[PDB]
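The chain below stands alone, shown as structure tokens; this is the form deposited without the ligand.
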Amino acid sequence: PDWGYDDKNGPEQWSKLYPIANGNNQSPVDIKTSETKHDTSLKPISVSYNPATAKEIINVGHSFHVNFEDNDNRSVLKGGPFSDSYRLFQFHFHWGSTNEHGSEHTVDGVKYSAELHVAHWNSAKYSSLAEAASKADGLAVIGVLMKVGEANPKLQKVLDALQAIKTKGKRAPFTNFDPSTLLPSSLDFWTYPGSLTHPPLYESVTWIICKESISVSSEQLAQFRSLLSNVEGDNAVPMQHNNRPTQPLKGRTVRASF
């Protein structure tokens, strides 16, 4: 409850309350293409998602989340660096105050427009997401960079749903959707060990960053920036931005599947 992205409660302050903010495995990071290591053990990533597991869309104040039923292995991520399957639970986005600079990861110092996160938990090892959330191997998140350009029709269903969750705490059913439809055509990737990018900031995530970006238009971004942080009835406070600055690598290696 004690955090946001404003001057006063934002990324530069989270350490006062969450000391792990200055940990050794924080995200996001800049990926320096000259220093990535080709690892020949990486397998191609394989996603297999069942659209019937799509459950609901909810406004959480600082962002919006699309959540999936995760009671079984109907929707999983396999391959890449992993030996176990990972069970899909959520996707959400990060954006900025301008359309040109709003991603969380950078590549060779270049910030993209926005970023899609597709989050999965380790059902092989832990009995629920709450348990898994704090363990070093607990989470697998796919990040896809979004470049302002031509409008992306694959986003329409998510954009149309925002109408029903304009204020904090609102939620709506969201069904029959396969988020693999949002990924790029090729799944060549970089990977590194890191963290959730906002409080509680656990160092529990294995990142998969796709090499290829996806498009998005300015207008599409502006719809995100139109959601409200306040509860219904209150004065309006736009969800203007939600990206954390990049964090020191601190000795970590970014591996490439290519």
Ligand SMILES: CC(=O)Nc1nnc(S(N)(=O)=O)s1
Given for the second form:
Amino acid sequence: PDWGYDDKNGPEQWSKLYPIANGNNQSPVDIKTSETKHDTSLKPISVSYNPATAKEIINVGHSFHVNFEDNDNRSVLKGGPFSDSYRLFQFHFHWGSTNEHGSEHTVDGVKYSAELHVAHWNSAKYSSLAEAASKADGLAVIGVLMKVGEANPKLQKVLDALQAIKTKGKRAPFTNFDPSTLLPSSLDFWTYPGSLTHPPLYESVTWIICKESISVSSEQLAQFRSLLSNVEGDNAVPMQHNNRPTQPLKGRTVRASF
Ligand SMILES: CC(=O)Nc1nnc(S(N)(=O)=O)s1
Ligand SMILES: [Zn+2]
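Target state, the form deposited with the ligand bound; input state, the form deposited without the ligand:
Below, the chain from earlier opens the complete complex, with every other chain and molecule after it.
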């Protein structure tokens, strides 16, 4: 695949290998609060995750993933703009080289420190994640903006797991964990049709952006920034940043549930 976040193979170059990069439904985007539209049809989002579905943590080089068993409908998202239930498959984070600016989505032109993404795939429609992945209604991602301030105690279990997957390709059992514990107290949101924020960049995602942010301290962020992109044994190359610049809206509408 050979793509990255460095000057050579970064976001500004992705178009070269993946034309969809210049599509009309690309993510992330800037959410202008004055132009959002209240949609009275939106229902509250309901998350129902089973902790025993947590399975492993893995270093994939450009970031780390927390994977969940997705053979059943034990952990699902429902409500919001959906008629069907979406099966949780993973959560991951996005951050930047500085503690102040590292989110993907921005609000009123304001970039936050980091962003949590909780991904699900349409089990009511497709057979597998692989199938669902390039379809318009294939994936649902919840994005939660993180703002540097006080340390957040709910992140602890994830941070301690990091020691075991220091380098690319390392993986470790990660179990008994309910990710809904990471979401803000209120679930009011913004939604728009978009895409995967990194290659292959399929325009298959229905974004759910939470209106309320959660905190994190600069030392917590420094722990993400300390993981390595190289394989074990090689020279150390830190995972400095993994966020893509915002893309043009191209006439999409950002709906508000409030
Ligand atoms: C299978 C799958 O979800 N691939 C991803 N690539 N980008 C994603 S993101 N950052 O928009 O959640 S998810
Ligand atoms: Zn992501």
